[PDB]
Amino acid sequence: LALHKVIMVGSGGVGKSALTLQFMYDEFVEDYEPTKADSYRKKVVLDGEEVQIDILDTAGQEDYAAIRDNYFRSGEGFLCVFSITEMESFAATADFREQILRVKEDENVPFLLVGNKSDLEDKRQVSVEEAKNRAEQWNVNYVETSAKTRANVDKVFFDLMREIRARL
């Protein structure tokens, strides 16, 4: 089977683990240990082909840069997650982008910019327009998700797999 290696990145509390666990187990999990990194694997049928997805749910606790870089180097595609309710998490996405680019050396690395917590529109701090503009600058797609309602959760993982499939 094809094995699509996805890495979740983004600053704290944006929904990396909630997105992962919604995708994996169809549950909205709200208290998942913020410092716990873990990997997940499951079989999925991608455009009719049975494949395996491997998801590395990073937690930013590998502060030792060689280790963090090794984790990123193993990834084939990235979900770069921020929370639409925390502007500082959107600002932080630039750092994850640079980190990935330093390691993968490929500006076309499979990569989605993911604005999570789309069910909290009344708490939005990051405009759709400014996030789309950043994605356009990076030539990546922008998708807004809700790990709570499941909105676009399958989409971000499947579309990222489609980029891995096409590009590698």
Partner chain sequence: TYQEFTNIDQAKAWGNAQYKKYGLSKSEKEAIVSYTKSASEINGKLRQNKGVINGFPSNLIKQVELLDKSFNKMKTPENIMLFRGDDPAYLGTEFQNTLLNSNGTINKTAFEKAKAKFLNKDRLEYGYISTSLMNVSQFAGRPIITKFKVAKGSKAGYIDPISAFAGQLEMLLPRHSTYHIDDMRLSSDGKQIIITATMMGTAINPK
Contents of the next structure:
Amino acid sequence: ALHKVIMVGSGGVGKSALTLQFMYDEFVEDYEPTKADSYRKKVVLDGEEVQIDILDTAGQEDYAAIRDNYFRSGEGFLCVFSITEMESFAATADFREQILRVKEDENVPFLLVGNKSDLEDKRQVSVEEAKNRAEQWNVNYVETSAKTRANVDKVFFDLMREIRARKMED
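Which structure goes with the form solved in complex with its partner chain, now that we have seen the form deposited without its partner chain?
Excluded here are partners and other molecules; the one chain stands alone.
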């Protein structure tokens, strides 16, 4: 089994840092903002050996045909914002709309990810507003830190479980 994950979210939210923490258990600071890469690794998911496929999108130059292609190919989405940037939270609705427009399936595996949880002292987005949005969207909200590893494995594994459940029907 291969579970195809797409990272989405505004520039600078931590998509790359999250991906590299998951992949190689390292905190990578200031990874090239406009650089995209794909990653693949074998994991044991609830006693079963599977592969995860992660596309860490850049997004600054992903025009209609490019983004539509990878939204269609993607099976699950980590929608990341930074808890320190309200604008990045506001933007999450846009990524989700565009994902929903191409997938025409509201039941798409999707997690809302509030990253940079170590930066509580600079928080701009309340837990209340994010949890409320997650409920409205019928998805889970998880707060992460690629710096401290907080909930990083959790979001990737939880999304995989959702992709797996969706594949089970049928």
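The term rigid core refers to the most C-alpha atoms you can superpose between the two forms while keeping them within 1.5 Å. Shifts are known only where both forms have a C-alpha. Positions refer to the first chain, counted from 1.
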Would you mind telling me which residue of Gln61, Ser127, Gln52, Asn70 shifts its Cα by 2 Å or more between the two forms when the core is superposed? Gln61
After superposing on the rigid core, the Cα of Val103 moves between the two forms by an amount in angstrom of 1.1
For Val29, what C-alpha shift in Å is seen between the two forms once the core is overlaid? 0.3
After superposing on the rigid core, which segments of 3 or more consecutive residues have every C-alpha shifted by 2 Å or more between the two forms? 61 to 63
